[PDB]
Amino acid sequence: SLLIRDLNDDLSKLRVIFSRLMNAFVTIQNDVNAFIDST
Amino acid sequence: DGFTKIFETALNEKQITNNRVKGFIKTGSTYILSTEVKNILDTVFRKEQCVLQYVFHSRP
Amino acid sequence: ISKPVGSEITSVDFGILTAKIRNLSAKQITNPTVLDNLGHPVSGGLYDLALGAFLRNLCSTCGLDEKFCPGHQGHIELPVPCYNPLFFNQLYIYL
Amino acid sequence: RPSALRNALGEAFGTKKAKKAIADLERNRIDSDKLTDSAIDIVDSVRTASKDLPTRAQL
Amino acid sequence: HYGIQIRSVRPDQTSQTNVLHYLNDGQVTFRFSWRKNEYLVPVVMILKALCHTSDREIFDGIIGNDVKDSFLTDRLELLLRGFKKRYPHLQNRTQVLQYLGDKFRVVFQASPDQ
Ligand SMILES: [Zn+2]
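Chains as they are written, first to last, in the entry's author numbering: chain Z, 393 to 406, 417 to 441; chain D, 246 to 270, 309 to 343; chain U, 3 to 22, 24 to 98; chain X, 120 to 178; chain L, 231 to 344.
In case anyone wonders, no lab produced these hints; they're calculated from the structure.
Heads up, a few of these hints could be off.
[As the list claims (entries may be wrong)] EDC-like cross-link-like pairs, simulated, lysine to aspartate or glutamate; straight-line CA separation at most 16 Å:
1) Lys266/L to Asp150/X
2) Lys405/Z to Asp152/X
3) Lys333/L to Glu268/L
4) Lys309/D to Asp163/X
5) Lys315/L to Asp255/L
6) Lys321/D to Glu331/D
7) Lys170/X to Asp398/Z
8) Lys153/X to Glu319/D
9) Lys250/D to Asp433/Z
10) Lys250/D to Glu319/D
11) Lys309/D to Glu253/D
12) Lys309/D to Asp150/X
13) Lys22/U to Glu80/U
14) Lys153/X to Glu331/D
15) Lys314/L to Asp285/L
Build the full structure now, drawing on both the sequences and the hints.
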């Protein structure tokens, strides 16, 4: 959640950073998925 | 896939020609971001409220 | 047997908590590290003292010690609405 | 490091050459013309939800 | 369900298993586990790679006698024809090893000068 706010500042002053933004959404999903389940 | 992603596979070129005959009256397997599933299913549940008021409730 | 109970539970309802769990908990958690130096619990962290008394400190919510605090719930703000993995098969059908 | 083996598509195990198609079809282009060219609308609602999250390095 | 399993040990007591599977095509494969994976090369690839062989030296080594034994001479030309059909670009010993070193080059950590 912090690391996607670290990269939320990288459009307020403004490719490759959306390859890590969309990478963050998979792993913000895969962390809340791994919080509830683990399999 | 294994409960992490949802894809929207490419509608083949036969069926866009079957769409545009009515609407006048992208790549292979594009990704679907999590917030745009909610913006679909919020508007569906607002419309089918009658049937989903009884799918989700077994007592009155 | 000298401490009777009056009111009693007779039926349990299942449901889903809405977006306004925020109303029962104004004790959000931001700092991912749980302690700092001098062994203290850092504010806004997961061992915050508004979640129950801890490490011989009183509770910031109950005002009570470790023996008598029930403990309280905090909440982590997800920045983007991920789906609940229990109900994921039951939205992929409606999708 | 990317896909220089091609040893399961030749002589290896039957589900080892099923995971090459998994690791490529599930790995999706996050730089696509459908996704990147409309990704200004994404960030224009995320700052509404990540606001009380602090950054610092003085500690 | 068939197969021939051998357990070969080196002179330093380190082992290696080489299972020899039978397909329902007359096809016979060679199975081994190198790193923790498991690889499946056809057998007459190896039998033509070990030494300089004709396709009658492979025939005589299996059909020693009993040419009239009809069961064996029909399973076998789905294994000699099956190599000539599938690999027509492998004629001698120093070219099947070129093929066999090409595919296994990444897995055995081979250097760029070998
Ligand atoms: Zn308390």
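Task: Structure-inconsistent hints, enumerated in ascending order - done: 1, 2, 4, 14
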